[PDB]
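Colleague: Here is what each chain is made of, one letter per residue.
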Amino acid sequence: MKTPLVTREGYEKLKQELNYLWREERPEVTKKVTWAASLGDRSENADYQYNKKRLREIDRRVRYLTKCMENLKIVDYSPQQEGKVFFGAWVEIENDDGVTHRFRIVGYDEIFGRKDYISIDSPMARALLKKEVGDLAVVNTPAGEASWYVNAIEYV
Amino acid sequence: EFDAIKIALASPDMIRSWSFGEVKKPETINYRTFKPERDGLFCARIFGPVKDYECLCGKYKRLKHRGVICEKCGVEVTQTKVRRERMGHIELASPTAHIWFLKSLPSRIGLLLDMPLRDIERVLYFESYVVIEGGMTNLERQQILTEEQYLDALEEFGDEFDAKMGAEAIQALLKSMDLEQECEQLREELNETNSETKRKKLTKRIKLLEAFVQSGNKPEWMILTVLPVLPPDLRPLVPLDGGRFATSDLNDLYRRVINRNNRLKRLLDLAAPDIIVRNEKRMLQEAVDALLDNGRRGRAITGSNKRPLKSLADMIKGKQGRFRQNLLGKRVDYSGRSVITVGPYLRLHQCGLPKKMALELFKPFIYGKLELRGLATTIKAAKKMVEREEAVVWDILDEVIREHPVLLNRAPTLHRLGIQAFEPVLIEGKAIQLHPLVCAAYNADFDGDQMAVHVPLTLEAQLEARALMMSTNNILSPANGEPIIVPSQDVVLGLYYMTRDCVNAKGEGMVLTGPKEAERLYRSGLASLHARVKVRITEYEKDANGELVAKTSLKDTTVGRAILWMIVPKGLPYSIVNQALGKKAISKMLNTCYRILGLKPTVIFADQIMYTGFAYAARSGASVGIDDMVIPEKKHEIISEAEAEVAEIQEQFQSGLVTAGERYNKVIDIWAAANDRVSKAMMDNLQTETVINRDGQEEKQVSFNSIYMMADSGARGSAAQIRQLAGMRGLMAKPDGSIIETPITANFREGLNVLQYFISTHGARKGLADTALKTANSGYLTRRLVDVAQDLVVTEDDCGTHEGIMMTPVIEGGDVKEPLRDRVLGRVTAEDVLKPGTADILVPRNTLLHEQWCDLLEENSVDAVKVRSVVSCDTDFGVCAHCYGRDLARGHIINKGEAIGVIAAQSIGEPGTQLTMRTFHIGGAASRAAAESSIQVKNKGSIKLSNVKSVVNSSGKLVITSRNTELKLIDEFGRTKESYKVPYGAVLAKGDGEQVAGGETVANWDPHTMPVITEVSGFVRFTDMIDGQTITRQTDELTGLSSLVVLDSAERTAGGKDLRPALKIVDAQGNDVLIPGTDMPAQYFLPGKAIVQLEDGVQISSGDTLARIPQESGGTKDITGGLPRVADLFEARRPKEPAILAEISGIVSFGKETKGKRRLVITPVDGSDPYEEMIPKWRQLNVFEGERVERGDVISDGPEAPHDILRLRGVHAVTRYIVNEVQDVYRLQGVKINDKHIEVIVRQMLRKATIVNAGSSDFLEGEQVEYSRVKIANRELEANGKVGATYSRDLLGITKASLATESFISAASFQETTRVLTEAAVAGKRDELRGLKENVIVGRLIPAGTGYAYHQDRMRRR
Amino acid sequence: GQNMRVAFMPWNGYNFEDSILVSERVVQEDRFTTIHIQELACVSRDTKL
Amino acid sequence: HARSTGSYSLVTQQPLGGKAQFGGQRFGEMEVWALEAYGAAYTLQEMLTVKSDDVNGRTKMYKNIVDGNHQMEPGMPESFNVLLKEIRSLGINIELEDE
Amino acid sequence: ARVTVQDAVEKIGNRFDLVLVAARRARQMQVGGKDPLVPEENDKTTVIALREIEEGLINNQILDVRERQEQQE
Amino acid sequence: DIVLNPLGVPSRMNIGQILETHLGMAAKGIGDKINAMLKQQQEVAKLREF
RNA sequence: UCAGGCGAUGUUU
DNA sequence: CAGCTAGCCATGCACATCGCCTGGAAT
DNA sequence: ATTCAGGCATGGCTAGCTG
Ligand SMILES: [Mg+2]
Ligand SMILES: [Zn+2]
Ligand SMILES: [Zn+2]
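The listed protein sequences correspond, in order, to chains D, Y, H, S, X and B.
Heads up, the first sequence is in this note's numbering, so the first residue is 21 and it goes up one at a time.
Heads up, the second sequence is in this note's numbering, so the first residue is 6 and it goes up one at a time.
Heads up, the third sequence is in this note's numbering, so the first residue is 103 and it goes up one at a time.
Heads up, the fourth sequence is in this note's numbering, so the first residue is 3 and it goes up one at a time.
Heads up, the fifth sequence is in this note's numbering, so the first residue is 90 and it goes up one at a time.
Heads up, the sixth sequence is in this note's numbering, so the first residue is 815 and it goes up one at a time.
There's no promise every hint is true.
Within a straight-line C-alpha distance of at most 30 Å, the following computed DSBU-like cross-link-like pairs (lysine-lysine) qualify [what the hints assert, rightly or not]:
hint, chain 1, residue 1, chain 2, residue 2
1, S, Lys87, Y, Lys539
2, Y, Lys324, S, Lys87
3, Y, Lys388, X, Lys133
4, Y, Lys973, Y, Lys822
5, Y, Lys389, Y, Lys368
6, Y, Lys995, D, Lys73
7, S, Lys87, Y, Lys361
8, X, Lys123, S, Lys62
9, Y, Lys575, Y, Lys605
10, D, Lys93, Y, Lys962
11, Y, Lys270, Y, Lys30
12, Y, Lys203, Y, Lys1330
13, Y, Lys739, D, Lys73
To be clear about the criterion: a stretch of chain H counts as covered by chain B if any three or more of its residues have a C-beta under 8 Å from a C-beta of chain B, and this derived list gives those stretches [unchecked claim]:
hint, stretch
14, 121-134
15, 137-148
No lab work stands behind these hints, which were simulated from the structure alone.
We put the CB at the ideal spot given by N, CA and C, even for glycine.
Build out the structure end to end from the sequences listed, making use of the hints.
Modeller: In structure tokens, the structure reads:
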């Protein structure tokens, strides 16, 4: 279902985001709630209500990120061994019809469309844990099977 | 009149001494001639007459015959009261087993006989037999028996042999039993015991026995022979409208018992067959059981319709017995209630009241002043006048109210503000008028609430109400030092709009000689209410030796602001009112005012602020208009792009690059980002939207949009609410908790299609249900707390000690959360404080700490302070003054007597409703996990090593080769401020003595692997390494490279089952490499199930990581809940998987393996070695063998057990633990609470203790007793030439330390009754008053306030 | 109920928290007057004596 | 609503409850906590002795009020006396003691 | 003519013995004679006593003194 | 005739009553206009069109 | 004047 | 003969108010 | 006109199974 495999750059980025949330964001909403509490009503008030909701939502995020940071297996592996396509690799694939794609394969937490946005648990990657340049590889989409071909690989 | 109550059991002699008569017949009354039945449950010749001094026979009817009984019916003449005291009894033919002594769990009888409760039941319900005096026969004494066995035995030994069945048998048993020989033999056995559970049972039994002997009682009395009946009145027989009577319960029950008894009595004449009389006795036993406690045997007997009729047990138990219904809170005369309204023309030490309510209240006073001024002879004409409501009465009422304070109360009284005082001022209408500036302390809006009045009667009472509860004398909540007279919600908008600035309005650019002519301009209407102006103002300052001095100048300010200036009293600076004046501003305004100019100025200043605020707010007129909530012109396009993005992601899904939850999270994240963009957009489009000309071109400024003012002031609502009025209202969870996957792209200004409103309904309803249940638990918590700290009163002045605790500013490794000044303010010094000019004392050792001393501390970078706590006072029965610090809500030190327990309890309880209920508290590892792999220094200073054993690799970094090292933080002085462990093979970015700053990451590693660091460089061979035999070559897909995994003894082959895999450094050729300098070989030997990554032909460095130790660690801290976390912390529950610790300092080793679990052993340096303990080896081990540590140190991880913490580290340690924990649980939700109160609760938590050695004392060894008693004992013991006593303090949960108290009525009014009353009864436990709740019960004074003077005089009496 | 002319603005405190204010122009025309009816009962028992 | 001196219940000589029955308010447990919180004591005393329970108490109180002399005389409550009787109903022996 | 008791608290630093002292003086003024020692202002004995306290010429000491002086008889 | 409290509106997020107020204002506007047109008694055709 | 049922009004995520 | 150990009971569950209604079946 | 069938959390305890 999951894989603790994560890349070190994203690891650092995530830790920094954690520190950001826990230092310079929590206390401001904290002050707002401490303020709003001094008002009289609580069931006839909504400011306390929605500010508390904000706290709950940020708490859930910090909980998730905490458990992650606990269970993150890091592999900051170099281009030392190369020749197949196993992890942390740039990959070009093309269709037999003209469709092309470029992407890097990373772990679950690194998918937000910016640079390297594909998770290993996806069938695409699952059909590519190790291949050779110039080979067919098929996947099983909900609309049937597909096909592409490799073009090039550069680790880093 | 009396003193300490006493309680014990009852003898038949005692009862027959009690009663005056005897019951025979079950009838109640005639229903025909409502004279009562003869010689039954209402009989004068037993109980007493009905009409005063008139016999039922109708012969004597006047006091002339007072005191003589009748002769035709024989009834004593006496006041009708007596039917509230006399009592009656009943003759039971058979004996009867009382039930409290039978099913209290434990069973008193049960362990008295050392007999199973099941069989004892079997006996008391006639389905067995039991032997008495078996004699020289085949059988035993306690030997229970069955039907056919009894039959056979009687067939064979119908002789002197005797066994019986039924209550008579229990009675014969007990009466036969002795106690002296029992105690002797049991003490013998306890000397001869070796099994702890056996010891536990036997010690409970021996305690009960020896107590039963010391007290003057006889066991057989636990079996009723004569049952007493409750007096008549207390079971009244009320007549209803109609020829019927409201049936009670006790009547029915007694009647049932008496019927059954009379039947059995009749049966013992015909000598009927015995099965019949057995069924009879069984009925009677069950009936008496019903009368004493209906509902503790099987299915409870019902009454009229469907429900268990109420019995005496219920008379006392429950939320509706006598205690919590008629002795702790009584209804009260002289009162009334009504609805509230506002009336802002009042000075805050007076409140409205309606004429009709008054004229109904003070009727006595009116009567009195009437017959004083001589307007009516007797009381009759007086009452007639005050009903007819003629003229003079109203003048009289004005004269009698003038200065006679009253009390106002609101329903859910939480904290001691919940009752304040006022002076009346008569109003028309019919609804109490109440000042505005208190509707925050009452937590009372004007939506139709109700308030109650109360009128003190006596004179001491008036003076109490004026000198302690009058409203002026409460400007600070005792919870925490912030003010409570905070102006609330309109007045703030007022002052706001009154002080601000535009860029260009009328009258700009002129000069004014004084605030006077300023106001004059603004009234005449030739100058705007706000426009920046240079004016002259004069201010005062008391910089001299408490002396005021003036100075004047030309400030630059705003006209309105000048107008505000005419209200500030003499002594403030000017900058306090030269800004926006939001809510925080005005709050600290009042605060500084109170800190600098006493009290009267502050009161009068508060009143003037409220007036002028309302005035200028009205003159302002800040409405709200639908065209004043501007939707930004970009909402449309942003939602458009969001939809485009989710379309792209859906295309990628059906193209096959993502999974289900993958799409889920992707979508939800991009919507959240869009939400934030929209929020920022609207906030910028409002807050500063106003752009205008200046007499030049343009310049923007803060806006005049009504809603933004009503928010930025601090009146009501904020960024969140203006969001939900302008931007999209985010996402909405569903009952499952699974957040829904389509946001609500609408907002309250535009419309809503159905589904969206529907989902929002989901949310709201769940919210309401949680409100209800959470309220419940909060109330229960408050109650429990106040019933444990109730008995603590500041009783002396100076304990005169030298202990204390250490306070340091709380820092999370990085930022400081709460500063030392705030954690120290008010609490009083323990020792002296030498300046960091060491050997130079700054402040004396026994001084108070006010704000000037605070600043003096700040100006010298004070590290930590040793301060006097409460938890370590040295007082008998009390808590000394200095050790308690500033009583918040007052300036100076606490007074000699003000109870603190109760206010502490209420404060820790009140905010409780704000906590959540079901979340996961993770305030305890946010920084832990964030700093596992990287050591975090806290403060500035150089880096110091302790027992270094390290080397700098060829990479240019210093790595350590042993655990012996420790980290210290050198200061600019030469001491040690911070200390840290040293992970094996750590990474040192800095060095030793290298002066650095604070808060810098200088280390890194994998917190899941111990390195296999080398000593020097070299090459690696496969020394003592065989695949299959020793290791395995597992392929690693997701890394490309694979590794070598160690195969343990349990899995590997047998021929190399013991071969230890090794690694010897070599050169390029492979020559013999020793340890550098020494002749000893240099191969490292590998542990089991490790991961070697490197292979043959590899170069390494001086301390390079060769292999890796797979290190598992579970941080399952999911136990944390929140409010139940508070519950459990005051409960002292043992957590689920407790972390074990170090008993005593010494070295460690292992022992037997897999006795289901593994073992552990520890040997001291020179002490008793054999200590061991079973560990489930599946738990992680943070320990190695060759590691020698100190007592109380940690060995495993997880929660930290309060019990062990107490018994091993120190009382200071345990109290610091609890305070940090509970403080964090609160402060995460943001509610300030000074720590004193949590401290005092903890104190009451640890009030008991246990013994170790008898010494010369007068106690049993394995005995429990209160600390204070034994301390005062052994103190006077050591006073003379004897040996002291040895003891150990032990921590108990509140729901226990309540019960296990010297007093008992305290408990009996708390959470259960049967347990306490029974234990006390068998104990024969005398009980002095000595507390609060007792004296509230019995109604005399309280040893808390004025009562303190009174009780000291009383104690001096003797 | 009835429909009345209304205006949103603080006015000298009297509407401090939620306290509606009402002008005599209302209590004159009797446009909130209500009618209530209670019902009282006396009985005639026949008790001995 | 308001009450000065009206009826009295029959079992426990306390004032009644509600309005239709011409009774008075209720002085709740948490309010007793509050008054203990302040140092006020005499107020609490006559709040749950002179105005509620002692029959002789309030008769004396009334007769003294009508003539200026503001002064109570506590005596013993009565609901407590009832508690004594109902515990004594059982096999227990509870008592007061020497003066 | 009284709003706060601060000056009284000052002149007797207890804030409790204040109550008893005031009550005692008040009973003296209400039950039996012994006219007050300050120009009254149509005000009740309670306020009268607090006022004569803050004037600073009454406390427990003087009370016992004058009681003894009466009992001299 | 009645003067509520403005600060009550943003707190209790019920923006509705403000719209209700406006629309009512429009209503009574049409009303008073008709009342004038009728009191200054006119030909019915004007009322028809209006 | 007692006990229960029912409903309703307040404080109360 | 001892250390759990799972399964079965006891006891606990905020405060204040107002209105209405109904109080044994067989002989 | 007399008479006899929707809870939870917790703690305490008792048979009952492994060494
Ligand atoms: Mg309300
Ligand atoms: Zn007679
Ligand atoms: Zn002390």
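Colleague: Flag every earlier hint the structure violates by its number, smallest first.
Modeller: Checked against the structure, the hints that fail are numbers 1, 6, 7 and 15, while the rest are satisfied.
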